[PDB]
Amino acid sequence: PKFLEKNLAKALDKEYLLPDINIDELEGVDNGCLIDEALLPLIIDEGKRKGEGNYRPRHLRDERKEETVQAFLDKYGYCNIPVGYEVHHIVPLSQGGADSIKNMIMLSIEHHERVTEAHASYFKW
Amino acid sequence: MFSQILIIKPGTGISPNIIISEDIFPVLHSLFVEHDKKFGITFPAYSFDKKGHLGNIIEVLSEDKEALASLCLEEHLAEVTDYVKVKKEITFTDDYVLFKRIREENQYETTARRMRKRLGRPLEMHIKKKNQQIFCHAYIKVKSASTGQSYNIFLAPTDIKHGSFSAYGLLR
Amino acid sequence: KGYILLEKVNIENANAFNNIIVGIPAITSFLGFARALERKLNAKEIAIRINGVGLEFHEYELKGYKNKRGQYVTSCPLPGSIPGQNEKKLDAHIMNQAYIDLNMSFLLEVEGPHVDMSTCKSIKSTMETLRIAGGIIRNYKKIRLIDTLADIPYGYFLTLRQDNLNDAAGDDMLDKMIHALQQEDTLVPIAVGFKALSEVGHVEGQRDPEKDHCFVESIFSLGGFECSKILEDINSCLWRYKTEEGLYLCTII
Amino acid sequence: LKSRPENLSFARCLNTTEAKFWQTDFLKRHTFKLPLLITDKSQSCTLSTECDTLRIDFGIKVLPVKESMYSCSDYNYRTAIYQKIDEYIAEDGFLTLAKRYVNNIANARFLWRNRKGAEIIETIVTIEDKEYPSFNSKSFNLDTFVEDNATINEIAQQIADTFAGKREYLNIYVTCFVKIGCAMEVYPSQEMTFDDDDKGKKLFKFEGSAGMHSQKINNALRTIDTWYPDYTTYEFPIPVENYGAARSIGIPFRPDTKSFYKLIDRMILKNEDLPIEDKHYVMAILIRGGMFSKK
RNA sequence: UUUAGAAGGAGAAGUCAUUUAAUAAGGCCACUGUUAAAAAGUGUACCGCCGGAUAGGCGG
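In the order they appear, the protein sequences are chains W, B, V and C.
Numbers in my numbering are just positions in the first sequence, counted from 1, shifted up by 210.
Numbers in my numbering are just positions in the second sequence, counted from 1, shifted up by 239.
Numbers in my numbering are just positions in the third sequence, counted from 1, shifted up by 47.
Numbers in my numbering are just positions in the fourth sequence, counted from 1, shifted up by 306.
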């Protein structure tokens, strides 16, 4: 059936966004964790800038995989997520973000809440 | 270990940690200062989850039964009996969890104070995250009688069943 | 018995051309692929046998472009040296061919003593060496066991439609196909198998000198597409081999 | 009768106004008031280091339960539930519920955190310019309902006769005095924030003085349900709700058969009788009001 | 063990020139939005002392 023909729209729906910042070079990030509060507008703006118009419906989104979180933790030498922190995707998975190490950052619970609230407000979740 | 049980009544419309910070905990602190710090505190319903909760129950702990009985808690908590319940029995127990004051508290503003006495960004940042580790635990607001300073005593559980208590009944 | 799904396999340059048909490969191509996978697994002593296959389409691209009149024009690779009398020349003859790229998920119906995740991992380690209809397996999302029709991800199964072909206007079998296709726009013709043109024997030049041989004509039929969300019985899409006294047939039972 | 109708709802039978705070000296409190203002930055409120007592004024209007049925698409269902209200009035004249509500006035539950540790809490109830003798609310604990105080009995009788439709209405005005140290903090209710970036705590102004929401005061009054199935395990009254939820304890106290929906379905559709305590609960929710349509 | 197996499609380029879219017009008549909600979450910390101490510990 003609609706199953490959097209660029279908192809782009299976290619995923990454953030442009590097968590290994940001002064105020160390061992994959955001150590400085001052960078939060950059992480928020990166999420906004990448996310605009790149909505993926749930069946097309990347699955959040525990293997990805584990490999992120392994890169920085954690056995587990440290007490009081949560791993965040700089570009949200609903807005095109890949479930990859290059898209993750680890935030404190309150900073995680603030970033989540800002992205929800911007994308109208 | 001997013990006596304090229950904060549900359904009063007041968050239990308010009754702890304002009524129970200062009275217990006062008793421990009056009676030479012989006594501990434990929180049977404690759970950590995402943020530490003490739960609505306190047990006072003592190595001596008569020492604990001499505190006569029913008589001192009398005017708060609308929402604080005291169990009449003192129970010996082999099961209890001691708690300690967390060995760091606010390194950020303490370091700012020390530089006022005496931040570099990497130092400031790491200390910020050390603070944010601390702030997820349970805590009690206290205003010091001897100095008037107001502060949050952060608490953590420990498996160590014996040792010297502080003026707040925490394992030193 | 059990059911293994090969999920969203990508195939490059599947052989798209049959004597009467350009597009979807012959059904025998897919079932022969499944048989080759069986033989590979059995040679490792996994002892699985695969009794039937369900073919679910997810994407396709015929190698070609659409004319302004909407018809496809088929692409060829530039041919290399072809053996025979003229093989030395730099320019070599162009024969009838077409190629299609497919995104497809395969349901397998399986017998084995140890149908579990270890044999899925064995399929994973095996499938990298095989081809589908002469096409190269570029990528696949996952290999897994399944238990219910709610497990299959959204796509369209291909199933047999002998009823619509026989019920068509009765002038001629090719006229039956033509009238059926002209009445039922969603149906498609497919190559189903082979009819013996000569009695079983041995002849010179065989691929193998020791396995009995036939000359054959391709058999064609009419098939149609069913959404996996609309399937009711899993058996309604399982293509299986059948043999009848000189007919070699894929069919659904 | 076969099901709850496509629309079914009851208006509040026990209406409550917002509350305005006032500030007073406790001696001569009967002659003097000052408006209690809110201080910015997170907002906070305190007495002005001089007066040692806040005052609260708020009003209640009681309406007859039989007339409060706001919409009901099935005339037979309306007739059945009206008849069942008449039956309940024949069993008792709402007096037990009225006594419970008047206890929740007399015990000063409506003060919420402001109740905590005050030296004196005096409450005055005014009806049609009759002023009733002041409740020494400290004498009432929060766990037990007093059945025998004559002032409670008289107020409860007038409220009960209002619920039964022997009156058109009953306007009740409540005044409370809470005595606290000279600059002890005062806790008006907070406003919601709609995820504005100014997430800081904001407090409910009313006429430019501090106030409390009508929701808080009504919900305090609704703390009368002691009939939920395992009250013996917990012994504290809950605010009346359709599933007996509570905001402090996550566990709902009335899922399944003791829920309002099941009990109404049993009482009306199956025409079952049921225990007086569950009849009190059903009529207490009819007093609360709500939407009770088909799901 | 699959209409099996194999494949370089390639180089280069002036689309230009010109143009009246106009003329005319009733959108109107009627209408019940409606009953019911704890903004919580201690929002939050403070000031010293030991330690070269950024490390790491302390009293209130």
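Everything labelled a hint here was simulated from the structure, so no lab data went into it.
Backbone N, C-alpha and C define an ideal beta-carbon position, used for all residues, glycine too.
Accuracy of the hints is not assured; some may be wrong.
Said to hold, decoys possible - Calculated cross-link-like contacts (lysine-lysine; reagent style DSS-like; alpha-carbon spacing at most 25 Å):
id, chain 1, residue 1, chain 2, residue 2
1, C, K600, C, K326
2, W, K275, W, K312
3, W, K216, V, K87
4, V, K110, W, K212
5, W, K220, V, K87
6, V, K55, W, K285
7, B, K367, C, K472
8, C, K390, C, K372
9, W, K212, V, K276
10, W, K312, V, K188
11, W, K216, V, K189
12, C, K505, B, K380
13, B, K382, B, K339
14, V, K188, V, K87
15, W, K285, B, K369
Said to hold, decoys possible - Simulated restraints on C-beta separations:
id, chain 1, residue 1, chain 2, residue 2, range
16, B, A351, C, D346, 24 to 30 Å
17, C, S377, W, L214, 49 to 55 Å
18, V, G252, W, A221, 53 to 59 Å
We went through each hint and held it up to the structure:
no.: 1; hint: C/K600 - C/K326; verdict: violated (39 Å)
no.: 2; hint: W/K275 - W/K312; verdict: holds (14 Å)
no.: 3; hint: W/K216 - V/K87; verdict: violated (32 Å)
no.: 4; hint: V/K110 - W/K212; verdict: holds (15 Å)
no.: 5; hint: W/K220 - V/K87; verdict: violated (34 Å)
no.: 6; hint: V/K55 - W/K285; verdict: violated (31 Å)
no.: 7; hint: B/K367 - C/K472; verdict: violated (67 Å)
no.: 8; hint: C/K390 - C/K372; verdict: holds (10 Å)
no.: 9; hint: W/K212 - V/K276; verdict: holds (18 Å)
no.: 10; hint: W/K312 - V/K188; verdict: holds (21 Å)
no.: 11; hint: W/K216 - V/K189; verdict: holds (21 Å)
no.: 12; hint: C/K505 - B/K380; verdict: holds (22 Å)
no.: 13; hint: B/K382 - B/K339; verdict: holds (19 Å)
no.: 14; hint: V/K188 - V/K87; verdict: holds (21 Å)
no.: 15; hint: W/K285 - B/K369; verdict: holds (21 Å)
no.: 16; hint: B/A351 - C/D346: 24 to 30 Å; verdict: holds (26 Å)
no.: 17; hint: C/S377 - W/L214: 49 to 55 Å; verdict: holds (51 Å)
no.: 18; hint: V/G252 - W/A221: 53 to 59 Å; verdict: violated (45 Å)
Checked against the numbered hints above, the structure violates hints 1, 3, 5, 6, 7, 18; every other hint is satisfied.
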